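Given as C-alpha cells, the chain that follows is alone and in the form deposited in one PDB entry.
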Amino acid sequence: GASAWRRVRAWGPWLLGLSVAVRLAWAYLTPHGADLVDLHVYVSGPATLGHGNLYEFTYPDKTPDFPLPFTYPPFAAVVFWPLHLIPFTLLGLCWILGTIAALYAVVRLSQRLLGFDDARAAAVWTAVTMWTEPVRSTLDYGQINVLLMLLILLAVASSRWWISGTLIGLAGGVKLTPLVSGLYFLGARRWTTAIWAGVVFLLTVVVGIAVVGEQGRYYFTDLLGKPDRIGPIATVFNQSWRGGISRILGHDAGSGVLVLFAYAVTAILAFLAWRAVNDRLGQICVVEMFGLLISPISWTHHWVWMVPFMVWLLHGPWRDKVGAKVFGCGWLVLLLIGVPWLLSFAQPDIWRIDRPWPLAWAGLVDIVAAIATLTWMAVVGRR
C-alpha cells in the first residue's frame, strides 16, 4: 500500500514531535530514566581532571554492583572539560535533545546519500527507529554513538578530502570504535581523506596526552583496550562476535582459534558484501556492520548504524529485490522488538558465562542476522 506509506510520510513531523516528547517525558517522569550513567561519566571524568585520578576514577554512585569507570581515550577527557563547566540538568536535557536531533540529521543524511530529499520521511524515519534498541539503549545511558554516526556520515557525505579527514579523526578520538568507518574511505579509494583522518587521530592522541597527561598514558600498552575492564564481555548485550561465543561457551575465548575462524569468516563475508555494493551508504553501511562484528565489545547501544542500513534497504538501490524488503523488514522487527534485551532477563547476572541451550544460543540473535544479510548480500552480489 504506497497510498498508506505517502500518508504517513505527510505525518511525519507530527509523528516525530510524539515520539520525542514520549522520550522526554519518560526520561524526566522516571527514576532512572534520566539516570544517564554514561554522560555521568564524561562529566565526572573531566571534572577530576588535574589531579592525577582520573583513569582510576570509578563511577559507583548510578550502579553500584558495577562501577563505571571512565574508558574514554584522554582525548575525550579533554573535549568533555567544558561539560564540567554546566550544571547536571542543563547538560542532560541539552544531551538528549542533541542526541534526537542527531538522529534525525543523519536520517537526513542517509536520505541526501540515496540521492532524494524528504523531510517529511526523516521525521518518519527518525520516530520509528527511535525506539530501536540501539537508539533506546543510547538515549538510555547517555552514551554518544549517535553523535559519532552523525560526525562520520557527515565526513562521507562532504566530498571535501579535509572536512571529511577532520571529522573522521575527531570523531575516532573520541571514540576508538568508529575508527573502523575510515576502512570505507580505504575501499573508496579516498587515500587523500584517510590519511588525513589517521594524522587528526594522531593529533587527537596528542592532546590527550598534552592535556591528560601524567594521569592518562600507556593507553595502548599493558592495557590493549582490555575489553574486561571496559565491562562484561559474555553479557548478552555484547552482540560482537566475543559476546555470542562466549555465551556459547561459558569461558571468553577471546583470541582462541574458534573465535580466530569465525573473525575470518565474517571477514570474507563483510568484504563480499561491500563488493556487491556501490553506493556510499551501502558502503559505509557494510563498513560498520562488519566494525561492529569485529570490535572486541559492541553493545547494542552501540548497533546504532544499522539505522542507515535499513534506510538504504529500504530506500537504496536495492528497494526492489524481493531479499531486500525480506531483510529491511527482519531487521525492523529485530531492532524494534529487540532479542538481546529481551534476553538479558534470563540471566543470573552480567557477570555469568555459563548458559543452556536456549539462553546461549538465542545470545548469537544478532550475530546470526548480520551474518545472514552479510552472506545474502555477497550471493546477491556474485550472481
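Residue numbers count along the first chain shown, from 1. Each form is matched to the other, and the largest set of C-alpha atoms that superpose within 1.5 Å is called the rigid core. First, how it differs from the form deposited in another entry.
- The two forms, fitted on the rigid core, differ between these two forms by less than 2 Å at the CA of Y104.
- Residue displacement note: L332 has its CA displaced by under 2 Å between these two forms (rigid core superposed).
- Comparing the forms between these two forms, the C-alpha position of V212 differs by 2 angstroms or more, with the core used for superposition.
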The other form holds:
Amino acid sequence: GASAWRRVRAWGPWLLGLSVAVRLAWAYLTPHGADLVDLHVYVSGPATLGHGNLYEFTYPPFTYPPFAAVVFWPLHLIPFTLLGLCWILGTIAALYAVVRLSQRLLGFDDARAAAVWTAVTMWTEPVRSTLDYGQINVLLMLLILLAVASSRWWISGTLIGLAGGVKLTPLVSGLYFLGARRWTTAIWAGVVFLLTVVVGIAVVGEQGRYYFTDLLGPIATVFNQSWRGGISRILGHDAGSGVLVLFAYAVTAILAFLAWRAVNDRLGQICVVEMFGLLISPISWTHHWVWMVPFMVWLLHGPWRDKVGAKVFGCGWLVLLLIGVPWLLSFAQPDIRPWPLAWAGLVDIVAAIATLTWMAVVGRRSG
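The form deposited in another entry is what I need now, so please give it after the form deposited in one PDB entry.
What comes next is one chain alone, with no partners or other molecules.
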C-alpha cells in the first residue's frame, strides 16, 4: 500500500532531471521544434521604437498593451538563441516554485515530492502546449500565488498590479481578494495598474488610448474551450450575446458561488475563482488551463483527502488532462458538422460543471 508511494519520491531529483533532458532535446532535434513564434512576437515588437508604429507590425500581430512593450524593450540586445535557452529553464523553474508554494500553502513541505509532482505534471496538455509557443502563463501564475501567500499589503498589491499590467486576464484575482476581506489590496493594485497605464501612454506615442479603443471595438475552433466556443460549435454560427449564452453563463455563476461557499481555505478559494475566470472568458485556449495543477494538489492533499469522491475526481481529471481529448479531436475539426464529432468539443466544460455541482452538493449536505 503506502510502501509503494514512499519509495517513489525518495529519488525525485533524478526523474525531474531525466525529463528535462528529453524536453531540451525535443525542441532542438526535431523539425519546427524550437520556432517560438510568441517569443519572436514578444521580442521583435519593441524593436520598432523611435521609428514606425509597433501596431503596424506583422510576423510570418502584436496586440499587447504598451506596458508589455516597455517591459520587453531590454530584450532585443541579447541574441535570440541565448534568450530561447533561458526561457525554458525559467519556465520549469517557475513550475517547480509553484508546486513548492502549493505545498507550503497546504501546511507542509517536501522537496522530493514537489520534484516528482513537477516531473509528472510537466507533460499535461495545457503545460505541454504552453512552452511550445513560448508563452508567459506560468510566470503570471507564480506571481499570483506569491501575492496570495504574502501578508503585506504593498507586496501583494504591487505583484498583482504588475502581473495585470502586461496581460488583462489575471485581474480576476481581485474577486478572491475581496472574498477574503483583504481590503486596500484592491486599492493598491488599482493604483499600480493606473501607473502602469500612465507609463505605457508616456513611453510610446500615445498608442495606449487607441489600443484600448480598438480592444472594445477563430472562436469556432476546437482549441477554444469556453462557453462561447462550444455554443458556436454546436449551433454552427457565432453565439455572442444570444438567448442561451446568458443562461449558460448564468447557471455557472451560481454553481461557482455555491462551490466557493463550500470551501473555506485559501488554495480552494483561489482555485474556484480561477476556474470561474477560465469558464467565463470569451476566448480561452487550452494553454490557459495551467490552473488545474494547484486544484489537483488540493484534491489529493487537501482537507477532503479522506473521501472516495475526491479521489475519483482527481484520478479522472488527471487521466482526462493527460489524454488530451480536444487535441485528439483537432484532427477531425473542419476548416469552418457531424454531430458525433461536434458534440465531443464540450468534454472539459462538462467535467468542470460536474466538479462544481459535486462540490456544491457535498457542501450543502455538510451544512
